[PDB]
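Okay, so here's just one chain, in structure tokens, the form deposited in one PDB entry.
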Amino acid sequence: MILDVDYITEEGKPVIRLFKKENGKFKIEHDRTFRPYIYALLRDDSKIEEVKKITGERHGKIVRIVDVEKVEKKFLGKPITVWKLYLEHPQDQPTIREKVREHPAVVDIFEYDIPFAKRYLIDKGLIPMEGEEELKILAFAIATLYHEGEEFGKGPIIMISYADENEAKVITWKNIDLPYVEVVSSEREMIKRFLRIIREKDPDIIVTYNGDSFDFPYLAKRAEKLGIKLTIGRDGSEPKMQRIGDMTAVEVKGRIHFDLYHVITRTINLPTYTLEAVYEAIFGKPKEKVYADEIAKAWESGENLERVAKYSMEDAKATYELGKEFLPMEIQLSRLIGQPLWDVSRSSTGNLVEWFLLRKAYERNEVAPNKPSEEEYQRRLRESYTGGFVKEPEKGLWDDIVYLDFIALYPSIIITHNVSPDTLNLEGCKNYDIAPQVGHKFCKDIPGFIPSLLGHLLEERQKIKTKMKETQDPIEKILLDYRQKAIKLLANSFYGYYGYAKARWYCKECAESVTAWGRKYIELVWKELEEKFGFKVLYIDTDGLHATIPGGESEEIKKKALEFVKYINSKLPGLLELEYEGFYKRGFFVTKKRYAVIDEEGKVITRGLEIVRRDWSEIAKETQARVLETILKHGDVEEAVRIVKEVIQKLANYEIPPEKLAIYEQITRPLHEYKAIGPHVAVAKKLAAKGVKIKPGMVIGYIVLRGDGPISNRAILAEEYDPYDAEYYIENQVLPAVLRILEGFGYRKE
């Protein structure tokens, strides 16, 4: 199977290399046959003989168009005649493009800034991570002797742990007596053993957690000072930093660096994204953290290292397990998109759709629209449309509730109303559907580019689901499940893609119309659910409704609910389908986007309320959860008021622990660009004053300390407490939190 691709300049000409892995043997495969090119649309096709002779320059030398062919393609469905300008080297494309645009007989030019190795994959129709191959995986993590004032790198690497399917060890240079620890002469020899372990194991994939930003760049700094070449690549080569977005990733030749941190952040939505937090949130069992302050003492003392070694071992072990679970999802995306895992694993869903289209656009002989210009991109940002409909809830406590939602609303709208730029407002098209409220016409004679592709996706997904039901072997059952999950992720990325400012196939009018149809079909079911079935729709948000027959018998509300979806689906066009999602014994609707329901088994789904927020104290979440609990389960509002008043005294007596006092707030900008200082900013601003590495995306916790003055300067880091203002955590957190529910019951501050 193909693991990666690249090119190298062999005496001025470009050579594609395919890093394969076939039946156990890893083998590089070269190719010199492939030619870089671009497209040029001419006003006068006779003026080709002039354009053929255009010439640029690069690093002193003179550059020209090696060849030219007249090809007929399509553009947004319509047939187009375009000339294919072949060059010699892919880095000639920037200079030639410029000079060809200037020409008056050239209208525009397309597919010019597509990386050369990616052309190869698309054009040759090759797909990474195909076929049956047992890839060797190896996770690893390091440990640094950090002091609070020290720069990045000055501290020695203390440990390097690595994990595997068979074993999981640690490598250090102090004397730790454990079966998994490996004692070594020095830092120098630690790094050396690591490199040997990598050569011995020979991993097809190297897994890490935060490798791109921390693990690898730290190694590099140390290996520089110790004069050691990090021979990690199969080419014998070192890890190379390669920019992909504004982000700077890390690359290893012949192997696949797989940083989990990127994939994780976009898959789930946890409070904090430390390795410890993520591990528990996936599997269940715990994993503690030993801080850099605690380890530095353990290094000087040299007696506490029994546990620090245990910590490092678990990081590698963790990373491997996490890695092992998140990989098949990511390798299936790579297989579906048709790009190397390394990129996919660091690629936004927007981009994933982009590349998916580019490939399919080739397969259909369609010329890809160009990226937006700087002005267009900016003019696209200052442009919007209305989104989903959200009903003001019928507030209060309600019995016997039902949830009904659409199966893949937006995909079904797209597919069945043929929504795409290549069908928008076509001239003299026979049949079309009009967009509600916004009035965009969509031709339905020939199925549009994107709609057509969603069809194939959902059809295949639909084929897998029926295959899973009917399959016997429980191995393929799991692999099927991953394919089907990947197609889902891609399938639901199209609506967002349409309004993505950097999108080649950006189509605001498409996005607007999908939304438009959404509201129509939801408001239909709404009016139809009450006026013809007697239900009372309590709340709505885009995709689904809550309903009930106020006072009615449980089993009747269910019986009629099933009947309503059986009737309404007959009224809905194409793929637009509604379903019976589930039943909830009670439900409490506070505001829009904020409510709680409780199933027949006793579990409570809380959405939007402080319970699931980061920027609220866990004492406020815990208290509020018990207030909800004691209202949803049964009317014990008497002890409910005692539950919260019991917490006021414990919070007053300083009897409540730390962590339950921590408030988390992400830093979304550079500290310089902040125009208004908050509490989480003032903490991270004074940390950076002591040389600490505060970057965007970093979620810090601030506990408020008892004093008097500004709320921001009184907040100290939550990671290290002071062995807090009781007025804040009561009157500005727990009380407001609990009030949100009890407000409807009429309670004041009591």
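Numbering follows the first chain given and starts at 1. Under this definition, the rigid core comprises the largest set of C-alpha atoms superposing within 1.5 Å between the forms. What changes on going to the form deposited in another entry:
- Rigid core superposed between these two forms, residues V537, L135, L458, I656 considered: the one with a C-alpha shift of 2 Å or more is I656.
- For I730, the Cα coordinates differ by 2 angstroms or more between these two forms after the core has been superposed.
- With the core superposed, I228 shows a C-alpha displacement below 2 Å between these two forms.
- With the core held fixed between these two forms, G551 has its Cα displaced by under 2 Å.
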Second form
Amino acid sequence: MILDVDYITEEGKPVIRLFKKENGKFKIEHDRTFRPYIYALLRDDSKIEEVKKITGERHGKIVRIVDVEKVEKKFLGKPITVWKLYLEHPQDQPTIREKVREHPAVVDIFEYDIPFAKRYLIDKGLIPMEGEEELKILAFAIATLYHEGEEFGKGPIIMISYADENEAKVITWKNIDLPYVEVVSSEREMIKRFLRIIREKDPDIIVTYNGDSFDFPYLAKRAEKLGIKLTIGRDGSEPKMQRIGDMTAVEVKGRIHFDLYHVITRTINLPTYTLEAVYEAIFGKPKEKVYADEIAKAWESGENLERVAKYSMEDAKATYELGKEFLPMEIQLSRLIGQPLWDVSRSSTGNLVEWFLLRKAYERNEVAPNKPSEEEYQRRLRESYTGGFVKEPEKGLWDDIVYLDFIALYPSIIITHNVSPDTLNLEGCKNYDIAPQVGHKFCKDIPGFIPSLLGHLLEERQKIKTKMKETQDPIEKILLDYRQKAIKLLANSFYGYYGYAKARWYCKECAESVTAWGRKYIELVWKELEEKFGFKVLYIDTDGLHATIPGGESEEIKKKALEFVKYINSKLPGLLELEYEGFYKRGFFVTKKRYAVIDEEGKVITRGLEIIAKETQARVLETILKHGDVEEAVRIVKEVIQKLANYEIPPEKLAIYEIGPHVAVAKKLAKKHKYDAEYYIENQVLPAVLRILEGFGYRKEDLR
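Having gone through the form deposited in one PDB entry, I am curious about the other one (the form deposited in another entry); can you provide its structure?
Next up is only this chain, free of partner chains and other molecules.
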């Protein structure tokens, strides 16, 4: 399988290198056949003779066009002729662009700024991470001695921990009595040990959490001071710092450095992205945290190093376990987009769509649009985008609530109404659909570029999903599930990509229309559900609705909802489709994006209603949702505020674990005095509880 691809310069010529793994053996395949190029669109094709001899410059040398070739291409569907100007080196493209474009006969040039290594994979039709191979994965993390606001690297590396399928160990240079700790002469030898472990294990993928920014640079500066080369690459090379956007990543030749931090960021949203939080959110079970001050005290003492060696071992053990869960997802992406995992895992979802479309463009013989200019880029970043329909909810405490929503709404709209730049207001178009309120017309004679790709993606997902019912092989079933996750993520990225400033296939009109159509069909369901079925819609947001039959029986509401989805789907066009998603026993709605519901199992879901103060507002939700008693909830608030004045509540519950609030905290460096009360009522209890009770017409006066 193809793991990575770069290129090196030999005697002025570009040489591609395909880093591979085949039959459990590593090999590098060189390729000197490929040639970089750019496209030229001319007024007059006879003027090509003048364009052929246009000269450029680089490092004082003379850069010229080595070959030219006439080719038929498509541009936004419409046929077009272009000249393929070949060059010696990829780095000749900027200078040849500058001067070829200045020619009066040349109208524009295209596909001039695609990196050479990625150009090779697209053109050769090479997809990385294909086939079945036993890839060896290894994770690692490091513990450092921090002291003072000091330079990055002055503190010695206290521990280097690592973990794989078989084991999880710690390498250090102090006497510790643990069975997974390995003691060594000094820091220098600790680093040399780590190099031996990487050498013996010889991993295909090295996994870190935040390795680009912290672990590799800190190891490198340390290794520089100690006079020791980091022979981590499979050709003995050191880790190389490389840039992409506003990020400096770390590269390892022969292997794939997989930094987990970048994959978790664009996927799920959390308050903070610590290694402990991410582990708990994913796996459920908790992970203890040891802090810098605890490490600094225990290290210089010589005792209490068992606690730090535990934390360091678990850092490596957790990173491996997270890596094992997110890597199979990411290899399917890289296999779906068709670029290497090093790049794909550090790419934003908008840029992953770009690399997908550039590959597909080549399969369809179609010329890509250029990146926007700096003036065009800043223009797009200024414009605003109108969101989905949100309704001001019906207030009060409601019973037996059904939630209905659309399946893949925006993708289904893009396919049904053929929404893309190449079909926008097409000249000489026979049959077209008009977007509501915005009036943009999309041609439906031929399926466009993006709508056709997306339609195929959703087809392939259904095949995988159907085959998953059938399969009994657990390895296949889990493989299919990731393939299905990868396609889904990629498919939901297309909407956002249309409004993405940097995108080549940018189309605000397409994005306006997708949102506009979404608002039409949500309101259609709203009208059809309240008139023909007699329901009362409680709240609507973007692609889903909460509703019920006020005072109606629980079992009847479910039945009439399951009937409505069958009905409404007969009216909805193409891929548009509604589904029965869930049922709730009770629920109330304060305002937009602010509500709380409760399922039949008693589990209480919330949104917008967030942070003794956290305990009370949780106790308020329970008495409202479980028992349906708003008056009882008010008594609880009156009881809690009374305990604050009389101090009947115990200590510690009033404490907060974290120039500002830390004025008295800075002094601590080296039964009584329980006076705080007004603070806990005004700043903590009321703001949390009022957020809920405002919907039922209560004020600060009622509580206080």
